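In the block that follows, a single chain appears as structure tokens, in the form deposited without this ligand.
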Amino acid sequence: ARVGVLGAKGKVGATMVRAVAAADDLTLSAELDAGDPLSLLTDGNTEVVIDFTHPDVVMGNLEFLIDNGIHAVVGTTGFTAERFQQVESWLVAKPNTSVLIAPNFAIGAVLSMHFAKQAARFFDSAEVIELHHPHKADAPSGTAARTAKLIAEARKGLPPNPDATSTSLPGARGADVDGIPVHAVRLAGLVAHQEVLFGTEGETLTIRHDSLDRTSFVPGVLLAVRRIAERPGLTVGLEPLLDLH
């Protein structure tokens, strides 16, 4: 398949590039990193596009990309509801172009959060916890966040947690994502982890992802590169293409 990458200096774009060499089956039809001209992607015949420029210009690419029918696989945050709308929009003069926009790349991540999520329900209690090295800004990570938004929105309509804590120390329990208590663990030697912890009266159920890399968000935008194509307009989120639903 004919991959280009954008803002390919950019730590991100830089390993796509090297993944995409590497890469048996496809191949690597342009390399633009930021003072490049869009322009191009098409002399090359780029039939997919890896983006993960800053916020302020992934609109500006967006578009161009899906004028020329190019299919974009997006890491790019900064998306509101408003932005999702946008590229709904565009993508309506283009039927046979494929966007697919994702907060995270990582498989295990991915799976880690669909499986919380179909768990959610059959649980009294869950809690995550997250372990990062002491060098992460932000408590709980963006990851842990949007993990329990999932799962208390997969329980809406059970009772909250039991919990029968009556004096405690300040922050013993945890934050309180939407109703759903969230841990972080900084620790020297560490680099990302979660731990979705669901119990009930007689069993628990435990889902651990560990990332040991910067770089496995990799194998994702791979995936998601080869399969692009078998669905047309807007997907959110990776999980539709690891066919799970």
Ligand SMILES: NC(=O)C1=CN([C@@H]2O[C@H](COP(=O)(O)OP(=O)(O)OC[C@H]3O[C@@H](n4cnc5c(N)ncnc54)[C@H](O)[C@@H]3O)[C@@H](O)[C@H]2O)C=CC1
The other form holds:
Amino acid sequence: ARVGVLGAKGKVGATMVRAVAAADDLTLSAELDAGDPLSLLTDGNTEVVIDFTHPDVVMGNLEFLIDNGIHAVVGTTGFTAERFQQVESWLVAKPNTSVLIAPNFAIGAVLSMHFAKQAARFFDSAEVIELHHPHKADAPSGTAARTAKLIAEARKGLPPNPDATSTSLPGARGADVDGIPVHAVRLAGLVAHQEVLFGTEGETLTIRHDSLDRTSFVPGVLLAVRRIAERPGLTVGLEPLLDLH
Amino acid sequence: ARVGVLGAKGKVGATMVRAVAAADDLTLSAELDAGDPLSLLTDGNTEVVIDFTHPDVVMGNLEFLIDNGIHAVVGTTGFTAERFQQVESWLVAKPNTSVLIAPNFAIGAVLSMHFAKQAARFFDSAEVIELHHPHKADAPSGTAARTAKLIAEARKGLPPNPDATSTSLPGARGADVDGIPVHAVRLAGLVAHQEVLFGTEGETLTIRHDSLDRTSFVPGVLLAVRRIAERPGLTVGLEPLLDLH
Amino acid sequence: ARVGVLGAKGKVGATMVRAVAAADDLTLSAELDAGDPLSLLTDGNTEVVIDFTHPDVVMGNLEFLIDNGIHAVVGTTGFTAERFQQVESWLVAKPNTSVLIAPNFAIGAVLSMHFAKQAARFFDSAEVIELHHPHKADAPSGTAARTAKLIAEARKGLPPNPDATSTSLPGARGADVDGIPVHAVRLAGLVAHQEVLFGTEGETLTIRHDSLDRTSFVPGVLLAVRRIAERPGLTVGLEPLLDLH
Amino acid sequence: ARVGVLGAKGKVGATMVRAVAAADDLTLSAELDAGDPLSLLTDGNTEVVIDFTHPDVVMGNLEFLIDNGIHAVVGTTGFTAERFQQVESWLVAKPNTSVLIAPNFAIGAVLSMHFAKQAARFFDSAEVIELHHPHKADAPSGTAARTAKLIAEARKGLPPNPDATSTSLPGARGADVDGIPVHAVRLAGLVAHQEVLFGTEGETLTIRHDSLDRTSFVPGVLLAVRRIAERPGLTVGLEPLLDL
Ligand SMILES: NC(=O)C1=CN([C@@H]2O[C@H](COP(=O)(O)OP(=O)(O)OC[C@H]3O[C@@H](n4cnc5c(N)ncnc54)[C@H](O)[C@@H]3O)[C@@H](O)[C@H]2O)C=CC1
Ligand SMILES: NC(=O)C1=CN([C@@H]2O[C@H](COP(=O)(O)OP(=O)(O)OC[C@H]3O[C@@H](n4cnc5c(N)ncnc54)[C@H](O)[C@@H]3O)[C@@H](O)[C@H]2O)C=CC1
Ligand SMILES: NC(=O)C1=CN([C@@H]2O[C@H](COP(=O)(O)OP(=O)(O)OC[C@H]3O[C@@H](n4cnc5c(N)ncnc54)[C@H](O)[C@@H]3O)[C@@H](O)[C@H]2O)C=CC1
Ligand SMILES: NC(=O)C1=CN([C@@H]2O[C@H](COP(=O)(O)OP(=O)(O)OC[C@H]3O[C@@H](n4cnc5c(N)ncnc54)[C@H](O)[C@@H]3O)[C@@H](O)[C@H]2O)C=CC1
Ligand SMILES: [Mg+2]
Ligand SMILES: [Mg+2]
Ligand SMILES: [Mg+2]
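To complete the pair, please output the form deposited with this ligand bound; the form deposited without this ligand was given just before.
The complete assembly is shown below, putting the previous chain first.
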């Protein structure tokens, strides 16, 4: 269909600009960034809008698109429970337009997390290794900390990871994130990588997600665009569309 | 429950004897091997049997178990549609008896197959690498062939793997199973290993199962023993006991 | 040193221009591409040239550089015995000029092949897996085939890889390159990757090289540039600069 | 050769006894453990000894062996610069006798450490990840610590590993061993595994060693046994025998 992009020259936005044109099914209509009026959406006959902007502006963006007709695929972060009620509330009176908000539009990332969550229950041990370029400020990554927290929740009815360590050097066993060891590698030549390691007597199971650039998000978002016409109202996360949960 | 083991002295059977013994909720009631009469099962008031014997004997074992109303958890392989049908005929006469037959009792293997199936529609490319000890007679393994067939079925209606190969040495691109390349490594020091690879521009996802030892089969078997009576009649596979939906 | 680039607008050549400019022991003194007079090098008082052009232009360039006493670091491919002998012939007249020609300037790639060669004899089994983006025409890659032949040469007089394969689908066991299986994965989202697997009972050894960028060729070329005057005549390969003995 | 095992009831020693028995070219001549007199070696006309005993007994063992012109392949650890010099001094009396002492007899481990040292010079980043079964007492492993130290030494005169980390949880970045991150994974289902990661913008290089059981040391020990008399006196490490 006919696609618009908000935050159209930002890191993710500029990437989504090139991707829509490169698609056969999809035609570019509106590319709005900072300082731009939202009229250019109605003036471009847009069917579907992608939003990768900023927490401080996104709420104003949505109030518009709903009161209009254009579907909204939102990647922009900073969301609370009271914030979704506002989106749902605008959609109560307007039951024809569909909206989706996702904290992660990378399909492989969403699949990894889901598999980790399903697998957690069945193994004695779980650890996370994440590996990034050496310009990363935060250790571990947001994704690894979140994965660890989720696996730990999936494991709340099981004993802790077995570990006879009785002598160690500080830091050897990783960050302890809700009882899950998370290790963080920072290596020139790498980009963004995460392995989830499960183990039990006689077998191991490993899940690896590798992102080599900011196009890891593209198929996820384009999936959510090609498919936003299907389900009405608000949908949170990419997982419903992946026939997962 | 009172549990007997058929094939009690075998490689897997001896493992199961030990686990049934060590399991506090299960009472080991019989250990039968070659030349032991099946009457030993009933003398022990066996309620459930684990069978890890040989395709040549399992049908006669199963006939006795079913006739006597003893639940059966069968790891023994060689089961065909005809054998499954025969099992179901026998169970008609014993509506309260349950039989669970699984071709793969490693939970990590079953999970990894499930995950491959769930991921398969959401990437451009999919291949399987399997790696085994150099005494393996079949290439690719049953499991890899099964995995590639599942992945292909999952991807029905979607474009084939992209591949510009125009010059190749015979065999480089692996075995073709329904359009899914399967590569088989035979290496001293390995046991049984399989990696499923998924990719699209900007990201890859990998699921690696490593099978090191036969103790890996224990949780799968014991889960089936504990849950056996939940489904009267024949259940094929471990998947349903894993509650993945 | 005063360094020029032949093929400065090219995929690898522009990467090299940037490299020379950024390094502050080297002065970028010439950036020639198609249609540029070679006189530009002399009018730049160029001491060393990095050549990443085309097999069709390189000997001509080389003849110029050698006649003009300009040291040459050549990445351009298509070099045969006859071409090396011609270069040898030109350097007889110019004994204080050095030419280094390498088919692979990626230090990581060079090292991995050297390691594979050193390891090959001490293991019962050796296999090569290579994985590339799906726009690659040739399977296996030149590097993989070449790595498999080095491994085979090193393993002369040892038993073949053990392999009890009695039933297989064609292609499952990979391409046989001098007795060494080579498996070629073609997966969207990959670039250039190679894994060499060694195994004997009780241990395995894996060497994995991942090539993400053309900047992978940068350190090899710059090392060659910094060390080219240290060896008269013709050096073939990057290996001799890495001081691997 | 007639080969005796000192420490024949031990984890590794018993593995060596089996290996020497199954080896077509070698004749098992003695099996000694604690409380067996060393004269059983001379009684069996032992020509070479494999020693996987204990740091407290090994020098006495060596003294006896050198005195009796019996070659020694020694895996027992605890050797010091001082202990090497003692063995070398004893060897002046018996220029006829060869001793080989190695901290690691798994050829694949010795190869990976060699590869790591070589590669360490050529990349911006180096890290070590090791992965063991969850009954392991020490983190990181002896091998992983040894490796990180050798990688550090190779990288003297290079800038440190780049790393912009400005916010971390404690432990996320591993143990710092001489400037080399070392991460210790402890996981049920695993045995003993180590990965060495090197990288520079553009490319990475990884070397992975996986030990599957105690038989990982066998070929290295047997090779040492076979080649021991090539080099008179004391050889430290297996590396020389791998004709690198
Ligand atoms: N869900 C996911 O998979 C992902 C979500 N994100 C999130 O997306 C958001 C944006 O992504 P980045 O490219 O990292 O940020 P960015 O700072 O690079 O891009 C933001 C862009 O939005 C524009 N913008 C600001 N106010 C606007 C307004 N009222 N109307 C239209 N455009 C406006 C800016 O000019 C800028 O070009 C961030 O909050 C980030 O956390 C980022 C990556 C993935
Ligand atoms: N489904 C799964 O996850 C797995 C299935 N298997 C299968 O299980 C079976 C057994 O495997 P292994 O333990 O490796 O073989 P095994 O040959 O070592 O064990 C079989 C045992 O059954 C005994 N046996 C033969 N006839 C008998 C009879 N009439 N009554 C009682 N015992 C009898 C044998 O003497 C032997 O002790 C094979 O078919 C194998 O393929 C093995 C591993 C996993
Ligand atoms: N040894 C190594 O590690 C590597 C070698 N190569 C080889 O290097 C060569 C170039 O590689 P790419 O950059 O991919 O090719 P490219 O086609 O992208 O660039 C070649 C450049 O050379 C220019 N050129 C043609 N004739 C010229 C002349 N007479 N004087 C100056 N410039 C001229 C072209 O206009 C073009 O800009 C190829 O032969 C390729 O196989 C590529 C990668 C690595
Ligand atoms: N270089 C290498 O690759 C390896 C070296 N080692 C080292 O080798 C030594 C033995 O290792 P493990 O088998 O794990 O220990 P272990 O404790 O299982 O074996 C030591 C054996 O030596 C015996 N012993 C003690 N005094 C003796 C004597 N005077 N004569 C003959 N036997 C005697 C003990 O009873 C025991 O059977 C240790 O120093 C260990 O650190 C262990 C593994 C690998
Ligand atoms: Mg019990
Ligand atoms: Mg410069
Ligand atoms: Mg023998």
